[PDB]
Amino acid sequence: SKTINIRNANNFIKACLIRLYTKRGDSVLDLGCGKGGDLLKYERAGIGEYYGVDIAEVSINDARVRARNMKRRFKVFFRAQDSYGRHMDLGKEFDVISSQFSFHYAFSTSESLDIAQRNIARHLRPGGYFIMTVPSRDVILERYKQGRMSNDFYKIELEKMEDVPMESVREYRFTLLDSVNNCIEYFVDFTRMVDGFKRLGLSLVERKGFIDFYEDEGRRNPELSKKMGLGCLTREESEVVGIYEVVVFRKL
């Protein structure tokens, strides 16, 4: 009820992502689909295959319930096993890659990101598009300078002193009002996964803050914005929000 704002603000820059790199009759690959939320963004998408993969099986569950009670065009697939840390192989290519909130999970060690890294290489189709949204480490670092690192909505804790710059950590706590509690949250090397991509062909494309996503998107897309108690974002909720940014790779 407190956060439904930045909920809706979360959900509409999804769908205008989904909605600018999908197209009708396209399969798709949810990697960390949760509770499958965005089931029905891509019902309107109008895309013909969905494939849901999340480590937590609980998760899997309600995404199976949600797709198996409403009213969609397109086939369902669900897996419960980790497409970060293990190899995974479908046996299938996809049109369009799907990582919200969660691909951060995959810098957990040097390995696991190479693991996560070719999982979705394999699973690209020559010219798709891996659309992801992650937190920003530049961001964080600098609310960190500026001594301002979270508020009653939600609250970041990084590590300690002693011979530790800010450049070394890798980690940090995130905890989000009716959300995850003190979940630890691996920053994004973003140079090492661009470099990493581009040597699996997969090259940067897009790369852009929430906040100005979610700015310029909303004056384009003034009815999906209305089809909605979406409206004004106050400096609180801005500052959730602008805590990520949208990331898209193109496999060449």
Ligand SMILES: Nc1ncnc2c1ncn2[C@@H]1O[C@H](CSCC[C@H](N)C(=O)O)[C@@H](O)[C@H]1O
Contents of the next structure:
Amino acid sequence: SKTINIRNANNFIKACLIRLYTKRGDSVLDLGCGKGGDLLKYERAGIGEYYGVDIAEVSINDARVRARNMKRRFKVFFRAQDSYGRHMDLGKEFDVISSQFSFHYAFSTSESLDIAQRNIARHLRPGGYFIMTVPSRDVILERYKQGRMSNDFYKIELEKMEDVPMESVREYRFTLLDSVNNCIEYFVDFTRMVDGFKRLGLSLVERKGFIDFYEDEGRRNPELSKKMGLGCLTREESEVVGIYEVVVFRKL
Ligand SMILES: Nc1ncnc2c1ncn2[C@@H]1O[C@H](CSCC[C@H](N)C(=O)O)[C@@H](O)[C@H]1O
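What's the form deposited with ligand SAH bound like, now that we've got the form deposited without ligand SAH?
What follows is the entire complex, opening with the chain shown before.
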């Protein structure tokens, strides 16, 4: 109830992102699909097939039910496995691969990132898109320097000092009211990611902050904006939303 606006905002951003890169009869691969909270958004997008994959069986389970009890028109598929630090071969390619609030987990180790980016590349059709929403390292480090690493909605704490450069840290603890607790998150080495992808035939096509992206899409699509209590957002709520950014790669 307290994090309602944040959730609405986030779903909105995801709904818009999905809208911008999907078209009818499209095939989507949803990595880190969680409980399938995007099936509805994809239903409206008129997609033909949806493949959800998540490492946590408990989430893939709730996702199966959601798809099982919803009025959808697309063919669904779910699989509980590791799509980042373990090889993945679903035997097919998709038009759109989506990774919402999950791809930063692929930065566990250099090997994990490599495997992860390779699972993406072999499942993406030539011309396909890989849309994602990941925490922004720049934002997070800049907030660290300002001493504002938290509020009543969330809380973040980095690694140990002891001559350790602020740029040396690779992970941090993240907590979100009514959500994850002391969740270990890995920073997104942006450049390494771009490089890894550029080497697999995928190039950066988009990078925009949640807040900015939010403002733009809401002032362009006042329609889907009325579908919920959008419009404004307190300062404390923006803190949380302002953590993530939109990144979109494309397979030439
Ligand atoms: N290697 C991996 N493969 C697939 N999912 C992973 C993963 N590591 C972490 N995750 C998943 O990442 C998800 C992040 S939150 C899931 C939210 C969902 N994409 C949404 O848009 O609401 C969790 O469900 C977690 O289990």
